[PDB]
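Now for the letters of each chain:
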Amino acid sequence: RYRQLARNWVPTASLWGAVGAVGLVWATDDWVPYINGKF
Amino acid sequence: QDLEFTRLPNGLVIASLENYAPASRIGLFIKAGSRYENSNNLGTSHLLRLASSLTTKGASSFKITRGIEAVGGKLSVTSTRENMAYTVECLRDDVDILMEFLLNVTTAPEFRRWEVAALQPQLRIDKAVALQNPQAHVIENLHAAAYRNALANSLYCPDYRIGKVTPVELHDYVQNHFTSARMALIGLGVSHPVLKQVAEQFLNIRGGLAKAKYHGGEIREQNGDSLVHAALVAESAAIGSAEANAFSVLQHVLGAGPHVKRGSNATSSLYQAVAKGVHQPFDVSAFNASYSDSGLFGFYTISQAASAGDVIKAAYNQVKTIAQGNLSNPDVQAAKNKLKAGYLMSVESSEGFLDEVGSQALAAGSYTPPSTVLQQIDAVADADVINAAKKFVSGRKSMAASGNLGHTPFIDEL
Amino acid sequence: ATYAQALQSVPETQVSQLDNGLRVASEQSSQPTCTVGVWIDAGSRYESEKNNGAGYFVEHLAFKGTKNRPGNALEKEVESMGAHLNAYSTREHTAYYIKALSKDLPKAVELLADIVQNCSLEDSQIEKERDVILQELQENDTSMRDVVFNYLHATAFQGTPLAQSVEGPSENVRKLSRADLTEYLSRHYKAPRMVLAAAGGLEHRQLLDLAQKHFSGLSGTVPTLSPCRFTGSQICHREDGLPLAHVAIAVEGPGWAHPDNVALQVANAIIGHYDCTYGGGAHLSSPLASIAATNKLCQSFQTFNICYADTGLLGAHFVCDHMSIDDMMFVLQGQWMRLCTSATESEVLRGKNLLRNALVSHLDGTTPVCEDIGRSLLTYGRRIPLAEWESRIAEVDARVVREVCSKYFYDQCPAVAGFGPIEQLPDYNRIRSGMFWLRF
Amino acid sequence: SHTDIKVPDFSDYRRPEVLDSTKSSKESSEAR
Amino acid sequence: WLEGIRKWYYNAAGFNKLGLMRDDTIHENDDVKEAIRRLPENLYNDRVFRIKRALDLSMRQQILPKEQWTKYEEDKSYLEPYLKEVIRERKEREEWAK
Amino acid sequence: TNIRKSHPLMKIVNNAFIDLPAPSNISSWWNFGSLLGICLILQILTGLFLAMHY
Amino acid sequence: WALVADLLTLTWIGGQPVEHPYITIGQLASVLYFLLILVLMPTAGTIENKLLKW
Amino acid sequence: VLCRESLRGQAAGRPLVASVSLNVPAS
Ligand SMILES: CCCCCCCCCCCCCCCCCC(=O)OC[C@H](COP(=O)([O-])OCC(O)COP(=O)([O-])OC[C@@H](COC(=O)CCCCCCCCCCCCCCCCC)OC(=O)CCCCCCCCCCCCCCCCC)OC(=O)CCCCCCCCCCCCCCCCC
Ligand SMILES: CCCCCCCC/C=C\CCCCCCCC(=O)O[C@H](COC(=O)CCCCCCCCCCC)COP(=O)(O)OCCN
Ligand code: HEM
Ligand SMILES: CCCCCCCCCCCCO[C@@H]1O[C@H](CO)[C@@H](O[C@H]2O[C@H](CO)[C@@H](O)[C@H](O)[C@H]2O)[C@H](O)[C@H]1O
Ligand SMILES: CC1=NC2=C(COCC2)C(=O)[C@@H]1c1ccc(Oc2ccc(OC(F)(F)F)cc2)cc1
Numbered sequence: 009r010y011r012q013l014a015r016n017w018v019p020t021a022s023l024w025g026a027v028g029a030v031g032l033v034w035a036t037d043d044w045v046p047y048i049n050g051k052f
Numbered sequence: 022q023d024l025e026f027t028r029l030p031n032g033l034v035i036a037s038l039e040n041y042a043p044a045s046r047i048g049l050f051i052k053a054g055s056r057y058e059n060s061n062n063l064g065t066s067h068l069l070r071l072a073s074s075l076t077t078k079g080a081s082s083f084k085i086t087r088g089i090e091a092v093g094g095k096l097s098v099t100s101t102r103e104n105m106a107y108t109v110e111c112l113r114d115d116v117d118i119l120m121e122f123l124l125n126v127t128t129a130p131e132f133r134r135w136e137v138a139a140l141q142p143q144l145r146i147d148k149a150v151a152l153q154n155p156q157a158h159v160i161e162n163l164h165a166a167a168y169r170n171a172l173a174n175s176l177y178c179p180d181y182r183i184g185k186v187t188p189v190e191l192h193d194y195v196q197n198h199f200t201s202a203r204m205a206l207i208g209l210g211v212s213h214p215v216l217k218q219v220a221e222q223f224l225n226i227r228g229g230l235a236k237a238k239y240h241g242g243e244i245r246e247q248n249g250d251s252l253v254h255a256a257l258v259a260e261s262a263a264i265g266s267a268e269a270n271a272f273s274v275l276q277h278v279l280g281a282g283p284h285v286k287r288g289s290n291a292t293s294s295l296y297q298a299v300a301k302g303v304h305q306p307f308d309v310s311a312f313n314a315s316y317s318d319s320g321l322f323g324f325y326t327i328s329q330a331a332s333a334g335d336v337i338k339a340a341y342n343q344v345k346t347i348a349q350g351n352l353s354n355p356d357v358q359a360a361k362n363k364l365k366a367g368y369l370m371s372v373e374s375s376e377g378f379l380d381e382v383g384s385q386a387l388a389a390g391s392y393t394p395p396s397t398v399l400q401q402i403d404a405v406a407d408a409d410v411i412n413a414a415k416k417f418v419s420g421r422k423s424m425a426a427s428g429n430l431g432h433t434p435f436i437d438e439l
Numbered sequence: 002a003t004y005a006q007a008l009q010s011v012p013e014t015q016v017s018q019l020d021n022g023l024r025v026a027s028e029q030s031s032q033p034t035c036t037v038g039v040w041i042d043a044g045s046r047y048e049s050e051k052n053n054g055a056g057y058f059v060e061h062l063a064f065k066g067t068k069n070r071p072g073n074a075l076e077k078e079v080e081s082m083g084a085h086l087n088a089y090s091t092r093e094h095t096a097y098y099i100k101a102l103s104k105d106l107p108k109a110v111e112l113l114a115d116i117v118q119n120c121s122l123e124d125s126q127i128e129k130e131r132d133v134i135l136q137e138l139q140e141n142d143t144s145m146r147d148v149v150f151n152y153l154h155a156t157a158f159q160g161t162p163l164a165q166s167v168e169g170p171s172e173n174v175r176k177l178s179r180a181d182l183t184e185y186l187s188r189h190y191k192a193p194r195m196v197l198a199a200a201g202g203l204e205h206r207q208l209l210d211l212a213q214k215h216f217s218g219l220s221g222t228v229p230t231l232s233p234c235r236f237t238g239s240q241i242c243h244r245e246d247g248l249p250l251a252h253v254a255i256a257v258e259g260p261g262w263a264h265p266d267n268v269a270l271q272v273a274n275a276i277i278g279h280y281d282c283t284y285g286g287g288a289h290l291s292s293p294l295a296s297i298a299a300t301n302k303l304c305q306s307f308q309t310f311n312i313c314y315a316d317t318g319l320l321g322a323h324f325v326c327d328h329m330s331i332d333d334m335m336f337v338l339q340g341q342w343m344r345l346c347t348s349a350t351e352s353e354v355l356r357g358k359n360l361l362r363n364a365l366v367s368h369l370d371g372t373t374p375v376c377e378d379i380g381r382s383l384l385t386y387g388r389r390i391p392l393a394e395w396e397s398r399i400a401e402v403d404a405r406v407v408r409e410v411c412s413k414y415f416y417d418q419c420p421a422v423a424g425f426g427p428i429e430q431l432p433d434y435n436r437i438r439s440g441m442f443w444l445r446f
Numbered sequence: 001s002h003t004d005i006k007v008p009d010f011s012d013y014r015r016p017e018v019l020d021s022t023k024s025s026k027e028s029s030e031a032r
Numbered sequence: 012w013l014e015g016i017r018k019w020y021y022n023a024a025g026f027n028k029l030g031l032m033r034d035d036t037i038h039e040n041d042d043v044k045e046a047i048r049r050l051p052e053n054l055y056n057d058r059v060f061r062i063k064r065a066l067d068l069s070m071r072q073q074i075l076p077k078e079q080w081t082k083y084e085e086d087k088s089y090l091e092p093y094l095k096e097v098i099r100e101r102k103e104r105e106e107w108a109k
Numbered sequence: 002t003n004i005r006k007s008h009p010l011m012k013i014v015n016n017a018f019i020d021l022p023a024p025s026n027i028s029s030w031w032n033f034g035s036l037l038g039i040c041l042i043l044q045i046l047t048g049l050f051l052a053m054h055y
Numbered sequence: 326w327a328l329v330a331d332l333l334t335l336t337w338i339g340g341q342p343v344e345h346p347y348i349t350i351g352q353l354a355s356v357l358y359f360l361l362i363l364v365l366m367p368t369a370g371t372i373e374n375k376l377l378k379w
Numbered sequence: 049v050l051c052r053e054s055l056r057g058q059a060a061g062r063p064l065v066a067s068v069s070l071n072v073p074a075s
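Taken in order, these protein sequences are the chains called D, A, G, R, E, U, L and X.
Numbers 9 to 37, 43 to 52, taken from the entry's author numbering, label the letters of the first sequence in order.
Numbers 22 to 230, 235 to 439, taken from the entry's author numbering, label the letters of the second sequence in order.
Numbers 2 to 222, 228 to 446, taken from the entry's author numbering, label the letters of the third sequence in order.
Per the entry's author numbering, the fourth sequence starts with residue 1, numbered consecutively.
Per the entry's author numbering, the fifth sequence starts with residue 12, numbered consecutively.
Per the entry's author numbering, the sixth sequence starts with residue 2, numbered consecutively.
Per the entry's author numbering, the seventh sequence starts with residue 326, numbered consecutively.
Per the entry's author numbering, the eighth sequence starts with residue 49, numbered consecutively.
Isolated chain D (complex conformation):
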């Protein structure tokens, strides 16, 4: 009940998943315009 009535880390872990995605993609170096889109 009260865990599941948590699941307030779902929108925060959404933003942390983009940090993980975008972070690995920055550290590693097409369809983002300007940045690398123009090698």
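No lab work stands behind these hints, which were simulated from the structure alone.
Every residue, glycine too, gets a C-beta built ideally from N, C-alpha and C.
There could be a bad hint or two in this list.
Where chain X lies over chain A, by a calculated footprint (3+ residues, C-beta under 8 Å) [to be verified]:
| # | region |
| --- | --- |
| 1 | 78-90 |
| 2 | 97-104 |
| 3 | 235-244 |
| 4 | 279-291 |
Add chains A, G, R, E, U, L and X with the ligands to chain D, keeping to what the hints say.
Structure of chains A, G, R, E, U, L and X with the ligands alone, referenced to chain D:
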């Protein structure tokens, strides 16, 4: 909107009043105060007061606390020398849940070894905090000085016993004193048929059951507070005697405390009596305690340490005045109006009313409406008041003090 | 017959108004006793540096003789009626009030009216009350709760009148002139800023008549309140010689009128209050309290939401061992953080229920109710029915508690006050970093 | 008395946005 | 029968050879810690001893005389009641917090 | 009082390897931890010497 | 001890060329290894528990 | 306590009543 009252065959009184308020409040009152301890189980009722959320047959220690808090609850336990009282407040929709708790704690505590062991140091904490108010020093000693037996017992466990109250002792105390015969189940904001029902099934505890002998004594506590508390009392009258009402009026003549913030107390015999000579910090008030089978009446001083002789004498003298005749009707009218007013005000609340109705249920066996009480106060004669004062001056004295008692007199110094 | 329903049945509060502007409010019941008083929008917040403490000085003189009942005549009449006369001063409000028999209400109202208006203020009595206040100040200096809270205000609203003590600085108490008390009373005790309130066995009609009869001479002819600027700040009176440390901490709150006070009080109730006599201990509902009991982190603590006009102090005060200050602060901030980010439905239901019970059970007997009437008309400009309170509480949920708490707590700068052996009281920067969470 | 502690003047160190003792600092809180 | 196997197993296990009872061998998690903590003086000191005894025997790579071995029939679950209740309590607090 | 118990460096060594409460009954199978330490020191020394020449 | 012996066997197999019968001995030894750790010794723990009336 | 004003109302006239609670401080 009327108080309903019933007594079961087995002696259990039930009083209720459907006032259709948003809050409901139930008390289970019990002839189980400190007076019922003997020299062997001193402090047990204190522990018992502290113990109300220990595990019961019906609900865990965890469940009592969480369950009551869930619904905005309150469970609470009061002791005097003569009674204990278990009170539950809540929103009216949840009295079911709280009654369940109240019945558990009073009907089937388990007092497990480990929980009781664990609660022991609380005795010291609760006691230590209490004794911060120096009134408690004086008043507990006073009772000890005055009596030889029951009313002598303090409400707070004596040091030598902290750590040493046992499960068995807790059990005995409950089994021996929480009996249908010695309980009153009071109920504001609930239906009286439903209280009867509950009490018939759940408060069917088989009746498992000395006069307090006032002797008179004196107990001194040296420290260096530089303010000296002292109480001086003589034997009084038990509750329910018309003598009792006489003393109550004498109390309000002499003055039992202030009616005005920062007040001069123009109307308090005692206060003005002291103040005609001693012009510095002090306080004084008539003390009146009326119990089942006895009473204490007198006054309490708080004086400078050096001044205690001068203050206690000035105060005692004022009572001698009343005793030797000097009491106008103006004065006694003022006294009765005070007592009458103060009584009605003391039952203004849910709290106060519940305490009064439950109090009476044990002490008599009945309800006295406020109107009848006021009649009984009106019914006291100035002669009765002069008699009560006479009784004090002439009666054998008990005294207790605490402070730097260098200039504090012994009884036998008048 | 349910709680819902019971709320509907609660007696109506009635309000009327004189031509001079004085309001009259009452709740009627079938009691033999009543309570009646004058509430005034006056206090330390309306005082300048020069006249600070006047409101307080007046309260010492309030009952010491009128022109009509000189000297002790005032108190004599009250004592003999069996009636009870009291008073109080906040930063924003002053009250005088009498508890008496329903039968004496007309006489009571007469006495009140005599007190506020024809207060005699004798030169020689002023000289007496001078030393009394001075000594009361001495006694106050040994109340750590008093001192820390005074300090909280002093730093929280520094450079304003909200920073000022009610009692006034010792300088002012020594110097305050009879003339100055005159100015103050003349300036502030004015009918549109006063309320005659009462509960018990009484007829609203009759109260209103009595109001008209005794109070109508009162002037209604403007001291209004500047906003008060709140400041993130710390005041630390380190005094190792005291045996326990007091810490009070608070963020800027919304002020009397705002609907957030409901959701905030729900949240405050979740976190709660604790004292080492509290029976609950480890099993307690509040994590702060169970943890504080379990680990002996403190003797006591309370959450508070102190309300003023258009500002406030929202936080907590704790008293604790010289070595637990940091641990205490950490757990407490952790609570605020948890409520801002992650408050559960269930615990919010609990907070609701606490506040429900608190409101119902507080308003019990004539005095609390008389005050509620009086202050309410000063603060909300009306009395708020119990049933209204209930429907605003019912509104609050998990999301609302989260959302509101974030507004006031999450990544905001607190005001901090400690007194005593506070050597371990977290550095201000560490405190401020504790008002957010890197994980969120 | 302790009531005669007044908190010193901080004018010199304050952000300009928070100088006005008669204005809410909450207006400028998001900025700061 | 089931009981035939259980009795063989008991002797195979062999804790009985050190004069231990089954409950002495339970691995101590938090629940067990607490059950022990609720043991009355008699039962606690007895356990303290049995284990001192076994540990000292383990050191010596020795066992007791057969006469002295803990008998399958005589091995009471001294701990279960204390422990069943510790666990009931825990399960309750778990339930509650959801 | 006693150096082994006080001195910042000696305290650690004392607590670790002198006054450490060990069970009475650990077997030869508990030798291996110390032996692994030896192995490690052994490799480092012999290693260091080899590396002066390799 | 089964696991221990199996690891002795896995070692023997690993020193051998990839021919019959060793390919199949190795496959079996590999199965046995994971089987023991992930399924058999967990189970045994539990069987033992039941043999002890817990 | 350093003044009559504050001192007054201390003189006892209530035989004592101890009250301890669940979630309200003792008195
Ligand atoms: C059919 C025909 C074909 C045959 C094939 C089929 C096979 C059928 C037969 C079955 C064979 C497999 C089963 C194993 C044997 C049966 C069970 C058994 O061992 O019962 C013992 C059994 C265990 O006692 P427990 O109380 O139940 O439990 C033991 C405790 O946990 C702890 O006891 P504690 O705390 O009192 O400490 C004493 C303990 C200490 O135990 C330990 O710490 C274990 C290991 C250390 C050994 C003892 C310390 C001496 C240091 C040895 C190394 C120094 C250099 C010498 C050269 C090394 C040799 C290659 O010593 C022992 O228990 C000795 C057993 C050691 C066995 C080592 C296995 C040999 C490895 C072969 C690998 C296969 C590949 C071959 C390739 C060749 C090499 C390149 O008890 C006794 O026998 C009494 C124990 C006291 C020792 C008695 C006197 C012996 C002297 C000990 C020192 C020398 C040991 C020899 C080491 C190396 C020899 C090659
Ligand atoms: C040799 C070169 C090193 C460069 C890069 C090394 C790579 C290592 C990589 C990763 C380690 C990951 C974990 C880093 C944790 C850093 C500490 C941290 O997060 O602290 C921040 C702010 O930093 C504070 O401490 C606040 C003050 C400001 C200081 C900056 C952060 C400290 C370390 C970063 C410096 C490069 C939060 O701490 P607080 O403000 O105290 O608030 C937290 C409580 N709610
Ligand atoms: C865990 C610790 C170490 C292990 C397990 C280890 C293992 C090995 C092994 C297996 C070899 C091959 C030996 C051979 O067959 O010739 C070797 C060689 C070597 N190791 Fe290490 N070593 C360790 C630590 C070190 C350290 C600390 C150094 C130098 C600082 C070192 C230096 C060397 C050198 C120079 C060789 C080449 C000479 C030779 O083959 O004997 N080793 N090491
Ligand atoms: C038993 C049946 C009667 C006739 C055969 C008698 C010979 C003895 C039985 C084994 C027969 C050999 O036949 C078989 O050859 C293959 C190829 O090397 C090996 O077996 C292996 O084959 C490949 C090896 O790359 C693996 O993918 C496979 O998983 C594995 O079983 C074994 O050695 C044997 O299973
Ligand atoms: C601490 C310790 N506790 C226990 C046991 C046995 O069980 C009880 C606990 C031990 O046997 C031991 C132990 C461990 C190592 C050791 O000797 C060294 C020290 C240092 C070293 O170099 C290194 F790099 F590691 F530092 C190499 C060997 C002696 C004793």
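Here is how each hint holds up against the structure:
no., hint, result
1, 78-90, "holds (count 4)"
2, 97-104, "holds (count 6)"
3, 235-244, "violated (count 0)"
4, 279-291, "holds (count 6)"
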